[PDB]
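The form deposited in one PDB entry is given below as one chain in structure tokens.
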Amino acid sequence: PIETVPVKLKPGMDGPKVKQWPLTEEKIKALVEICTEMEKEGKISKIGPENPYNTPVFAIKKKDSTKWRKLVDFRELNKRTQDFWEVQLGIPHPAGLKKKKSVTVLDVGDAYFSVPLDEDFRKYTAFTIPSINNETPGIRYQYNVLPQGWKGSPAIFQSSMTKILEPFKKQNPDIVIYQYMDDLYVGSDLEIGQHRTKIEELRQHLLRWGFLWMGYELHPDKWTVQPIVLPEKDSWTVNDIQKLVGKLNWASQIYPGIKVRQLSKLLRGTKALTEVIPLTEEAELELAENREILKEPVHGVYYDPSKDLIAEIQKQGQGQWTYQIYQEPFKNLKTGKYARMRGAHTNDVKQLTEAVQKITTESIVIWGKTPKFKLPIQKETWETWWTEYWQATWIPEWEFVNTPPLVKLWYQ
């Protein structure tokens, strides 16, 4: 691939100028070794002071791998890089991927380093390996080839990839293959033994066209909007009925026809919260009619590819996290719940970071893009710690929730 693809920023936009955040010594050392080798292989070059741009860099360890890996935070460069239609008017996202019984995630970002990056654009990929305590200037580099995590890399490489895959796709018409950034998502409806065979029979095919040996296995079988459920009880206290009317009043914003009049009627007076209240027939029927309403899907829910996906997360305690993905309030496109996050029964922030990564993966599989997160955490705590538990090659956007939402209860 001698010919470079002309790339430009968007009109009236300079390159990124993002501060490098401080790194521990062990991550600095890991990055020095990695970048020394990349430089010997020609993937990056030392740059001079006439280049004022910068994108942050850090070091991670992929899911269950002891080898340090370099991760560049290209979020700013990606939003400044021209919108891309490298080959066609767009890649219609495969609605069939989310329906497949199993989906395996392959890191193919190494393939990018075989394509040269347009020489006029290289300066915008500048990054700095920082020094400890400013005791030496940072090491300054730019990319000479398509970098991992950049928007343009899958776009510029798409002509090459579609050809590397066509033989495999030609024989397996029922296997769905989707690429998002540095990742290939390979899905099928067959028992894993053949699946891991096909998967291993895909990377080998890839190895003969020029890898990693890592995979991530999913089952979009169980992905929908979780029903709102109401308690089933033989004796209701005042407190129980108050919590029920509250939940039903919240649900009435999502569902038409929810009624609470007959249930509210039970609370006629000024009763002790622990007092048992017998349900009337009218109240039981109303509750029954509410249960029915809540069995059907929400009215007029549709994905609009022009709008952002928004992901909200609630800490429920004891290792449990609930989340909703939507574009418009009360029109959830997906809800879910996580329990017992792996490797952090005593660390909230690690659990939140893994939940953010799982929700992002689900979002890529369903819609082919990442949501904007609303995180139940103070900014300074999140920004101090999340890079410590990040294991993905992409990074989504996020904002912080500082006021406790009343609705955490309703997803309980």
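Here the rigid core means the biggest group of C-alpha atoms that line up within 1.5 Å when the two forms are laid on top of each other. Residue numbers count along the first chain shown, from 1. Compared with the form deposited in another entry:
- With the two forms fitted on their core, the C-alpha shifts between these two forms stay under 2 Å for all of 162, 171, 194, 88 except 88.
- Once you line up the core between these two forms, the Cα of residue 289 ends up 2 Å or more from where it was.
- Relative to the superposed core, residue 318 shifts its CA atom by less than 2 Å between these two forms.
- Once both forms are overlaid on the rigid core, the distance between the two CA positions of residue 243 between these two forms is under 2 angstroms.
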The other form holds:
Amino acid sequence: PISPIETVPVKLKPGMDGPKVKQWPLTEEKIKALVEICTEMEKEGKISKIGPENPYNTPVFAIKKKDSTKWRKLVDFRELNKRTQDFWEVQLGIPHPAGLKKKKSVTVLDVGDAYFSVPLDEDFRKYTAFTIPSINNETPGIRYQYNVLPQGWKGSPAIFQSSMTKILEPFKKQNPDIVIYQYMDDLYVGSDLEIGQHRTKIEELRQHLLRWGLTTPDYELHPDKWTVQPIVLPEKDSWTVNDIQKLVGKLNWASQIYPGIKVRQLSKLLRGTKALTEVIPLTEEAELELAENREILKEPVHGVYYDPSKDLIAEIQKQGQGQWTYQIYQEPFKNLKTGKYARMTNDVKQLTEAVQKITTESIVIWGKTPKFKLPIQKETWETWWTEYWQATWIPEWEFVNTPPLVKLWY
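Now show me the form deposited in another entry; what you just gave was the form deposited in one PDB entry.
A single chain, with no partners or molecules, comes next.
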């Protein structure tokens, strides 16, 4: 009992070839951390040095497990994921449970270390190639490929899925109401227990995993507390021509989304051609309108539903003062979820936190990460994002430079 288990055949999508994505330059301390991490993995058999007959490449990054704790390597398998995942998620998809988001508490537990127990199919291995670069291009670049299931690859939980099922079975039998969802390198574990017993149950579940190659794994989300009630109408709203004019812009925007928003009675009142600072000689059939609009903005959006065949997209706006707003939709402005992220410094740091929080919510709710429209220059995002990133996944993103007064409506 000290030799290999058996390999699952892995095919790349039909007619596609492996990824060949440029390694980004890294800082000296990040390079040194990766060379030390990779010397250890190579000593343990996880990865092997490769020669020039492998032309594939996936980027790698160093991040922190916490705050200056230890370093962790993060492989950006976004391209290999796409090239394996028009055809995976279908051959070996993990279904997502709708009761997860209804739990009082959900803990996220990292189980990625378990994947390194399982051999990767010899013929797929070349596609996992990556490079530790040198500073100033002084030295070619250290090259390796994986021998075991790698952590950021969507094929790893797909393949480990039969082992995970066996591992989890006695615990799920003993606790039939606990919802457990696996996405990438993490488990999401939800229950309605009070917070101390929730934690005692997570400790128990950690013991299970420990027997199978995990070392004391791991939080706490409270998704039954996740809110709608975004778009807000002021209370000193009906006083100036300007206030009423801003008001009507926010309502016009909102009537694109929500059936039943009005504003007719508000526009009357603006009747003439007035100084922006003038106070107003109505508010009556207008007060009633304003109240009904406020009632509909409390409730979910009547005709918009998730379509599992479509991408989620997330937009985020910088509100100032460490506040950020966001919306998630599949078709522009049919919002499935809106929210806020706030500290009370940086900007790039708050932004990478917002992104990670929105992605985590999205995994809980739909089993999918969103593609982000990020309000930032690309180069600036590319330089700085790993300084603050702590998650094991990386969503798709795009960079967005325009911002209509969408900021104001939210």
